[PDB]
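If you want the building blocks of each chain, they are given just below.
4 protein chains.
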Amino acid sequence: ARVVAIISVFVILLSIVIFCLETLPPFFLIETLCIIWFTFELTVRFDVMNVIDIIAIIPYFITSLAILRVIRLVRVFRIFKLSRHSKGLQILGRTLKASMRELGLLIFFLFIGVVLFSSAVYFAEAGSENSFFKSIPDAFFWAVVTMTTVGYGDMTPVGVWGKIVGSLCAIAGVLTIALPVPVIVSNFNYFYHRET
Amino acid sequence: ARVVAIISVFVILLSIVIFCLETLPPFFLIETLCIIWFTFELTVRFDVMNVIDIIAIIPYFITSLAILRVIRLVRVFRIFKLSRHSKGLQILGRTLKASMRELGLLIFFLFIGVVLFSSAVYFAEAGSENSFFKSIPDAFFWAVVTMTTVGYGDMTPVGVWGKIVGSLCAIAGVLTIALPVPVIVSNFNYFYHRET
Amino acid sequence: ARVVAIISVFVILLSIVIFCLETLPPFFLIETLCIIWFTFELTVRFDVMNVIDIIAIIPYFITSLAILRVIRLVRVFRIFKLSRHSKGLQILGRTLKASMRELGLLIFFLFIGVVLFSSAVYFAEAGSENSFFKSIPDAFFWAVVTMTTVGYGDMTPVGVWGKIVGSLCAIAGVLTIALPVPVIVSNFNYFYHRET
Amino acid sequence: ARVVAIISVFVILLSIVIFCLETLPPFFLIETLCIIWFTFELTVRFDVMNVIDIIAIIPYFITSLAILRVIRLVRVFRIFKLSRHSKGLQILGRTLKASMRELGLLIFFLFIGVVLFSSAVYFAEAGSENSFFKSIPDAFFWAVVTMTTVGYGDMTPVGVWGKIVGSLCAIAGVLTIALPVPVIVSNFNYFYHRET
Ligand SMILES: [K+]
Ligand SMILES: [K+]
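Residue numbers (the deposited numbering), protein chains in the order written: chain A, 226 to 250, 278 to 298, 310 to 326, 357 to 489; chain B, 226 to 250, 278 to 298, 310 to 326, 357 to 489; chain D, 226 to 250, 278 to 298, 310 to 326, 357 to 489; chain C, 226 to 250, 278 to 298, 310 to 326, 357 to 489.
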């Protein structure tokens, strides 16, 4: 039995690897052995894990560009089959389930901040011929990268008033992201300690 | 009554949406129904929330480019009418009110650091023909993005002494921003726990 | 007496302001009134604060490009005269004095990491004609910005092995900077609580 | 004896310095005195420290480009001989040994996130002629810098769907890196307190 679990993990990892390398600038035969093994255990077994196992097989049987792209993307959920053997991924899923309200609050704060600062910078830079934001929707990406401190890149065209708005945006984003993270971190620490 | 609150939230969200999309590269009719509903509840109702409700209607009645731009910008405070229904935004406002001194201290530390490091980098790079900072005021944005770890972008023209100053600036900014944030975070956690 | 303290703070702020604006692409007369007031209180008064007061007057009396640049730079210590009236700056100075060993440890860890990763990336990218680091000393700035998460900017010329080294550098820098900061933060919180 | 330890630290630092400066765009004679002193103490002494001492001498005696590059790189472990005299480096090594599982969990979470978001952005941007990611492997560096908040640089070619994926990537990376760091930080604080 322990040898089979090693075999199953090896097959899952091989499927993940071949899934990545088939996109590089045979594969189907190896994938076929993976899909037979995937469905072979499914019938013997026959929860979220079972649903993921179903999704891991649907794109194979099915095979309008949007539909094909969607099914090709949904094929990536092979990597989530590792949750059966891995423990950290199970812990991460449990914490994500148990911290839904804080995630919603974080998204709401980010949304309020992004619309506020996008309007502010758009109006502050609307009085110049060369505008770095065509519209309020065009500035959501800039605001979300600045508030996350990932960094937009170049702020050269931005004028003096725009620079003041951007400095305020940086400080406010630092604060508003430092706000709702510790609760999620504490939940993860709780679950990890309980598991270990 | 519960249906009306759903209607009110729907109207607020519709106003926010149409406010963003009217800036994209009819709308007035929908906005008119919003402004009638906004003033209709105001008279029936007749605090910070009431003041915000007044500001949400002033730009409509009023309608020198600076004055027009200012009123168009102050029109964005429709989004703060969500504080009546939302709870997280109320919590954020309460924490911002209750942590004024720490915000002032953070701004003071940032101001001292920005002027100090701006003078340092300006003087260190004043001995070269190609200067990356024309004046001490010209370096406030660079210092504030470096100390926030958002990132300025390109430091190539910066010379060896300028690079040493910038490394010191990065380390010092990391420290001086990690200093005053935990108190604000703890205040927010306190208010959020009390509300829930 | 309270009016004089307001006057003294006003004079210090005016000196700081005029010091910044004289560098923009009269001033001496206003500065002369500042320097007379600075020396007038010094004689009446006659610690670190007293030493700073001495340094605030030395460049005036003194007035080989390096010496002139050094004295012009050391003139900026007018801003530290605010420590007499401000309390947060005193707290920051006390914490900096009381956390010397941790600052030294942080600098040592940064030094070990920067030399290690600079050698690693230099050797990994030495097998290509187009090298993004001429020498091990040339990579200290890249390593210090990557480990601080400020960001170097463009990593395009960096090859596959260089990219692996850079990913390791990012992760290791995140860890090694998250390591020694909480002690300094706790010291600052202690001093701020004691003062308030 | 205390003078010899000063001499030994001076020799180690001199070796580290000359090792860096020999790469700049005599040295062997000084290095020879270092290698004689390194082997002289080794015989008198004759653990991880002893192994490091052996590695510090192997490249000298040995002296196919890959082998030469590998030995030249492995010569850099002179800097780890400072662990005998320094205490912070010993503490860092002890914490790294005592926090292996959390490092593995962090690498696993980063791996899952990087493959997931690389597939997501690659599929979202596969419907345009100008693609910012040739393949799923080509996006690991972008995902790892975005999730670490170091910053990739320019996101201009990235389209609307790609921008939504990138915003999700930034938020998720912030969370998933804030998750497993506090345990390592607490371990380091424990070891540092015990040592002091
Ligand atoms: K950054
Ligand atoms: K950052």
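Since the hints were made in silico from the structure, they are not lab data.
Treat the hints with caution; some may be incorrect.
What the hints assert, rightly or not - Only pairs whose alpha carbons sit at most 30 Å apart, straight line, appear in this in silico DSBU-like list of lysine-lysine:
1. 390(D) with 380(C)
2. 380(D) with 390(C)
3. 427(A) with 456(A)
Said to hold, decoys possible - For the chain A half of the interface with chain C, some residues (derived, Cβ under 10 Å), not all of them:
4. 379
5. 396
6. 398
7. 489
No residue lacks a Cβ here, since even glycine has one placed at the ideal position from N, Cα and C.
Now the hints, each set against the structure:
1. 390(D) with 380(C): holds (21 Å)
2. 380(D) with 390(C): violated (43 Å)
3. 427(A) with 456(A): Distance ~17 Å between residue 427(A) and residue 456(A) Cα, so the pair holds.
4. 379: Where the cut-off is 10 Å and the nearest Cβ of chain C is about 7 Å from residue 379(A), the hint holds.
5. 396: Interface hint status for residue 396(A): holds (9 Å vs cutoff 10 Å).
6. 398: violated (13 Å)
7. 489: holds (8 Å)
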